[PDB]
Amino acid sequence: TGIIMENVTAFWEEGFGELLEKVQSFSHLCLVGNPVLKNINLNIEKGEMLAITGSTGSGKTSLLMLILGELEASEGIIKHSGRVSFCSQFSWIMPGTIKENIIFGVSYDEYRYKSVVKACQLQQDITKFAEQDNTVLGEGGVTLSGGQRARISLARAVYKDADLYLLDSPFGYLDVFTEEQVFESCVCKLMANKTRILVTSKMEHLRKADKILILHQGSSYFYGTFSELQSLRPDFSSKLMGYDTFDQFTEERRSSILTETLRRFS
């Protein structure tokens, strides 16, 4: 499916704040009628990848919530059709085997399963276990690494048959060469013709994206292509692309460089 937003604004509503916590004073934001997002525009064709970045707490997750229908649009038009599949920043794990987690509530299909496992780089993980993907997890999958939890949880969202995929910051952990391989095999190849939104703080993702959205303080700091970012926001670009190996900084450091740059060049 394509997705279009045309001058969309959404305000804090009661209970929105608690959802954001689950997924990543509220009453005062609700009472004062503040925008969570203000004047958003995007137009993503069927099969394109939109990369969303910005400062911390800039409204990245809330934008996905609008798509999901968990946040309501007070003004403006949003258009998108079909099933959506959402991979939260929080990597949830249910009681049962790794395989059961990846096909949770959906039916097993062999070619599809093996293909998602491979592209999400799960094969290197399961091979460390005596029962491989029949290994039993407790709820939360607490003895795994963050990257292992995020890969199973991404594999579950991607195995889902959907017209639109929302992937909220899966590439945030220390095993950064693995994440580079997941970006390439899963997001770029396996899902190359699935419409998809990727929230990210890595510049390679902006470079490979069909469209880019950068958010700051609830506002659209930039929407366009990567070529248009270099030309129309040269201040921002030169600072970020000027790093040697930005994408291998910790996520906290990458998000802090982005915030500061965004505060700078308003």
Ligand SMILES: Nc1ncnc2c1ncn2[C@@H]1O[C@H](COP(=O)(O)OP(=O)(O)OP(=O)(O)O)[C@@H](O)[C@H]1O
The other form holds:
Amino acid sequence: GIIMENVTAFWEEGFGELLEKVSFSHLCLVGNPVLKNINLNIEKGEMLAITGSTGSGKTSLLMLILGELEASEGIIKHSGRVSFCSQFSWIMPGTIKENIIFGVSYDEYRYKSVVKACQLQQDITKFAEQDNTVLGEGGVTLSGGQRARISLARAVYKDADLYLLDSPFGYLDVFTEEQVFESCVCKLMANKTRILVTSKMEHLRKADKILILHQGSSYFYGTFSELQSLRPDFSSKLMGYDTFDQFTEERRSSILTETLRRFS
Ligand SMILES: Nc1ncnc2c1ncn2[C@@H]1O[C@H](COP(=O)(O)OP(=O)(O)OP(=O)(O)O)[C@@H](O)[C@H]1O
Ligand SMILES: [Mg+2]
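Structure of the form solved in complex with the named molecule (previous: the form deposited without the named molecule):
The next block holds the full complex; its first chain is the one shown before.
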């Protein structure tokens, strides 16, 4: 499981460099918080959806769990192997397969089931060599979604206790992404403790807990139901869109941000 009791963390010199790699020294000198009074309790097998305004601390909270940012006040409790899957989808030179099982024991069943749920079948079938196509470093002629699904597969194949998925559903092939959410994150991963950063409303619905950050602070925590009751101005605005989850990542963040400001 993963517990966070009143946690706060400050700009440490060097942290913002890592945040580029995944002005800073002014935030460091001045001593601001990057997250502030963060609280959450996720029990084994639960799925936490994290969302919020753009630049609100979401990736920084993942760096906290990974142990890259140092929590000044608070307790952070969790244990085991943790599998991280960043926004930036990196690709090592080698085959699509090699990339997915990087430095980890092959397991024909486990592999086929990840490859499958992550919607990579539609993809590797396009290629003369299937999942034995060799990729150049950075996976460059691929699409943004293709890289993202390769990077997700790689991360989900890893066997671990906690899975941190940072924003893999933000590209244009929006239906595949709906498939992937459902087969991978919701079915195949259903028994694994997993945190998902996201700007799609659907993911909030189907989650166990929810965390919405804004200007570094927790603007909400607790379940999807509580969200509608407790922050209703929020809930009205967002839920009352036609197909908000098929807006671009860019437009979804814009509204989340404009909305979080209105009702602070
Ligand atoms: N590449 C960057 N250049 C300058 N400042 C940055 C950069 N990445 C993050 N920050 C700063 O660190 C804090 C934000 O980051 P985090 O990286 O925690 O945001 P998120 O909540 O993950 O948002 P985003 O949609 O940008 O990923 C912000 O207040 C922002 O000012
Ligand atoms: Mg982020």
